[PDB]
Structures are given as C-alpha cells and as structure tokens.
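In this view, the complex is presented without one of its protein chains, the others remaining in place.
Here the chain labels run A, B and C in written order, and each chain numbers its own residues starting at 1.
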Amino acid sequence: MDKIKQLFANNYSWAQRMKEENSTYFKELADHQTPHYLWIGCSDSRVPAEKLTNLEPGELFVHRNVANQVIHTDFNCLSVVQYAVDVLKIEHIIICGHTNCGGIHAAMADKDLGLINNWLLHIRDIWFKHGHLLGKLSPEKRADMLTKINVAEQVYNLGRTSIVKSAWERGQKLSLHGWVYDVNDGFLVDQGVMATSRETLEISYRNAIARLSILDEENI
Amino acid sequence: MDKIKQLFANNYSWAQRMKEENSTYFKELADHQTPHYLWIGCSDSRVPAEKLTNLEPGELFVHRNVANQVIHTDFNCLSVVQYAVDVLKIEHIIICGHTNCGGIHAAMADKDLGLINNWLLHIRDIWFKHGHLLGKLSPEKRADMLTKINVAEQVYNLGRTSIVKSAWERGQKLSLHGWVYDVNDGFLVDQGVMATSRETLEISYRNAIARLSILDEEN
Amino acid sequence: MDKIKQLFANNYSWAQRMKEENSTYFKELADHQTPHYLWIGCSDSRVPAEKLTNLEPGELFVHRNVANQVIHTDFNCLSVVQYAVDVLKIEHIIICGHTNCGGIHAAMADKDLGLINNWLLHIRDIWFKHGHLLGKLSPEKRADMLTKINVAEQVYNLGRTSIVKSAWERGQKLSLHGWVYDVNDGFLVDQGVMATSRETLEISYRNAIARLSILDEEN
Partner (left out) sequence: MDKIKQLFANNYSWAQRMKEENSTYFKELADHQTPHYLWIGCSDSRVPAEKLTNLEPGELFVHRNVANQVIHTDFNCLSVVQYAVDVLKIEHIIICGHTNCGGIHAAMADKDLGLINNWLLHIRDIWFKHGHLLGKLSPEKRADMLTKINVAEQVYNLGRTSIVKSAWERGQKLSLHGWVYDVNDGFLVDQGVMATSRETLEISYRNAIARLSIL
C-alpha cells in the first residue's frame, strides 16, 4: 500500500540520518539494557509515554490494551507485570489513562461492536459500580469521570494481584501509580491511588474514591 | 520516590514550555482522531514506534506484550485487533520484533522465571518447530534468528484469526506486516510475510520461512 | 500408582461388564450425537450433572471451572458458549452452583493461595458489591448466600456476552438459567435470573437480586 511505502521511507530517512550523523542514540539505548518503570497505557496512545516522561531511551517497559485495564484474569497483562517485577526487578508500575478515550466511550455506548464489548464489560461493571455518583454528573462530564475512576480501579486491581502482593510480602521494593493526562494539556495528573504495600493500597484507594465523589458545582 | 518525582518533574516542564510556546502539538494531535495503523510490538520497547515510523501524532493504535505475540486465544490482543479492524477500520497491522530481545532470551533460557514462562512456551514451541534450522545455527546467533522467525509466525497467527479472515471475506481492505529492526541501527527490515488476503498470507508465509531457512556460513 | 491403578481396574471391570451384559448404553449414547443443553458447573463436581438431571447420555455439553464462573474475557468458557450456541444450536444454557463450594470458601478466605486467587478476585468483587446485604447476614450463612448471588451474577455475565446477545438479535431461540443445589439433598433451586432475551435478562436479574435481599429474621 501507499502509506506503508512512505512509512518505510520515513524510517530509512531517520535511520540513515543517524548513521551518518554518528549519533549516539543507539549507544545510549544500549547502555540502558534494563528498564526501571513499567508503563500500562491505552492503545489509543494519544501522547506517547516517552514524550510525557522525557525519559532516556530503554528506560520504559510498556504494555497497552484498550482502556488501559488490568483484568484479574488477563494472562497477557499479568505476564508483563510478573516479568517486570520478578525478572527485571523494576520498582515502579505506572497505569496511565487519558481523556477522550475511545475505549471509555465505546464502553458507555449502547452498541454491539463485536468481541471488544466483552473486554469492555469490565469497564461497564465499574460504571454501574459508581452509578449513583456518575449519575449526579453532567452528560459531557461522565466520560472523563469514568476515565479517572477507571484508572483508580485498575491500580486497585493491580495491587490485588498475587504477583504484586507476593512481591511486597518478600520485602521487595515496588510502588503502583495511577495518573491521567488531558489530550490538550499533556500534564500527568495523579488520581490518588499510590501503593507501596497492601495497607497503603487500601488506604489511598478508599480516599481516592472518596475525593472523586466530591463533585464541583460544574456538574449538575 | 526519587525516580517518580523526577519523572513528574520532566513532565510539568515539557508540558509547560509547550503551553507557553503556543505549540500546536495538542492541536494537531487532535486533528488525527482515528489511527490508521495498528502496531503490535514488544514490551521491551527499545526504539519507540513513533521514532521508527516518524509518523504523525495519534496515527498509531498500539499493543505491546512480551515478545510481541499474537496468541490464538489471547483475549487482550485479539480485542485490540478486533476493535482496530471492525470499529476503527484500520487497514494496516504491523507486528514488529527487535534484536537482543529479553522475551526471546528468556524463552531460550532453561531457568523457570515464573508465570512469564507459560506465556513464553509459545515461543519455545516456535523454536522446536524450527529446531533443525536453529540447531544448525551458531549459539550466539540463534536468539536473533528465533527473533525473526517469531515475527513470521505471529503474522501467520494474526492472519489465521477469525477476526482478520472475516474482515477480508466481507470485503474490507486490510494488510498484515511483520518486520524486525536491529537495536543497534534502527532499520526496519521486512521478514517476508505480508498479507492482504488469506491466499497471500499462505504464499508469503511459505516463502518467508523458506528464505529464513537459508543459512550463510557466518551462521 | 494405587489410586490410578484402581481407577483403571474399575474401568476395565465396568466396560467388560457392559460388553458381557450385552449392554445397549453405547448404542443409545450414539443416538444422542448432538447435546440440547450446555451445563456450566463447578470443578468440585459434588453431584454430577447427569445424576441431578437423569438426562439421557450425551444430551449434555459440559464446562467446569472453579466456582462456575462466566468471566467477561475468559476465552475458554466463551469458546464453549459460542460453539454450543452458534454451532450446536443449543437452546438451553444452565449455570449451576452448589452449597459448600471450595471456590466460594476460598474467595471469602483471606489466605493468598497463589494463581487461583486472581481467578477468585472476580468472586470477591461480587462479595463487596453485595457487602451490605451479606454483612447484614449471619456469618455461617454468608457462604450459602454468596454461592446463590454468584450464580445470579454469572447468568447476568453470560446474558451480556456479545455471543448470547447476537443470537437473540438474529432471532435464535436461547434461554439462560441459574440454579443451585444443597450438597445434602440434591434439589435444584432456581435462583431467579432466567432470560430468553436481554429484556428478560435485566428484569429477572433485578428481581433476583431484590428477592435475595429480602431476609427473614434468622440471618
């Protein structure tokens, strides 16, 4: 196809540019053989993680799925987590959502989109979980609220995995973070849940949800 | 933690000098509401896809797992594919592997690393399926060869999903790509499997495997 | 070893008897090639589905997992459901729970048993969701109640699968059921959720959860 030919062109261009440039990108990268952060984000990948964190190359270990979820029984995501924690020994796992999310929108949409709806049924359970609250908001607000709540709930799911617990239990150093950035700002905004142990996981989660429930006058 | 606070730091800075620079980044990015490419890469994420393709912001839909796999029964990945195809109408799906891959290395190591070992057993099955070839290969060369064969097999697995076959069948335009890049130079190299229908999938797959099976004395 | 040798011996004795008895069992089984009911039960398999229903051999298509769950993204169970519905054209899917379930007890337990805990986290989310009702209940009675609620919630998950809904949408005849039996008497008791359309799914689910919430002065 045309787009592919061009894509390959853009790559060859950049690739050779470096080569002759005697750049050190491929040298720096090779010196950071091991990441120090696990990044769990959405497949929409609006603003890249490398852009948002300005970290050095090779510093991130990433996983992306629709609506950045951590489902209790998802072998795929759980495997990325376990490998990150038990093998790479990385000490920080970040879950990052984002406003105006297709996953979130699809979840709320009353339409059958095929296989994906099943995956999104987890989001809808989260929706009905905070129904009363979300119902107190204004229509144009519900979307971004769910996005924020979602991230809270995923961090909570992540902290309840046998993987994270056993890590904490053996005294291994590991912290869980859950932020959300706006596609227009690019500023990472902590959502409240940040665990370094199961106790801190429980506390921050309870608070994070309590705070989210305090609605500004903006919402009906 | 020191690393976290520092990360939040690098961000507020970058995002600030973007607002007080009237940059149109978040403006242009907003113009690309729907991606046109689905990128399935490795969690290692050595060289970002954004840097490899140098594409326009917001044009890539992305999924990443250990050793960029498309497991027949992986609900996570298949959901990404189905959403991209049936809902976003994306017409290009790329599977990208890379040299010096941890997943690949972990798969070849005998050590039981835990849960991740079950996930990597799919890679080990690929290894055995190409045991003759890989055996004839030199020790410090195998990893990179398996890395390339893995990409070929994943495009093959992707083209066999009911999601993709049904897409083609009902008359939807869609192509599958499988590339690999050396972490030392960042050059995207086609592994041979490219499909626009189930028929082209079969042909290019047989040819790709055939070619990959030709070993130079450089092993 | 012992247990295994005995089992094999039991099998031999049985099959011989059948052959010498000139039994018609197998020929009758062969008569029922396609099942008419999909039974989703617990791996505990306290009282076999065959004994509980006295159905003719081969009339049941079966799936069992810990705590008879229908998780939204479980490829195994959904594969069974889609095959039974889209291929076998089964019109009745029955989820069946039982009292004194090890999966339920483990879910409510506090010990981290390893991999299985993750699977059971779905049951714990159901435990918290109904925490008010359960807490307002007698401790020694909570397990039985969670077992009943679990079933109603699983039927609700089943009825929400893209698989079951599409079948109803295209006018295919299909009803869902959720029952529980006490391991002490074997009587199947309907839990209230019973659907033949998503309309009946919502209504019966609401009514079921409401009904279960009306406690008698005995906790």
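Keep this in mind: contacts are C-beta pairs under 8 Å (C-beta built on N, C-alpha and C of every residue); 3 or more make two chains touch, one makes a residue touch a chain.
**Q** For the full complex, which residue in B:3, B:17, B:72 or B:173 touches the chain that was left out?
**A** B:72
**Q** Among C:114, C:139 or C:171, which residue is in contact with the omitted chain in the full complex?
**A** Checking each option in C:114, C:139 or C:171, the one touching the absent chain turns out to be C:114.
**Q** Touching the absent chain in the whole complex: find that residue among C:78, C:126 or C:193.
**A** Of these options, the touching residue for the absent chain is C:78.
**Q** What does the interface between chain B and the hidden chain look like in terms of residue numbers?
**A** Within chain B, the residues that touch the unshown chain are 71-74, 78, 112, 114-115, 117-119, 121-122, 125, 129, 157, 160-162, 165-166, 169.
**Q** Go through chain C and note every residue touching the omitted chain.
**A** The missing chain touches chain C at positions 1, 3-4, 7-8, 10-15, 18-19, 26, 29-30, 35-37, 43-48, 50-55, 57-58, 60-66, 71, 74-80, 82-84, 86-88, 91-92, 102-103, 106, 113-116, 118-119, 163, 175, 177, 181, 183-188.
**Q** Contacts of chain A with the missing chain: which residues?
**A** Considering the whole complex, chain A reaches the absent chain at 73-76, 79, 115.
Note that only the chains that are shown with their structure count from here on.
**Q** With contacts counted as defined, which of the two, A-B or A-C, has more C-beta pairs across the interface?
**A** A-B
**Q** In whole angstrom, what separates the CA-based centres of chain B and chain C?
**A** Computed from C-alpha means, the inter-chain centre distance equals 39 Å.
**Q** Taking each chain's centre as the mean of its CA atoms, how far is chain A from chain B in angstrom?
**A** 19
**Q** Residues of chain A that touch two or more other chains: which are they?
**A** 71, 74, 78, 114-115, 118-119
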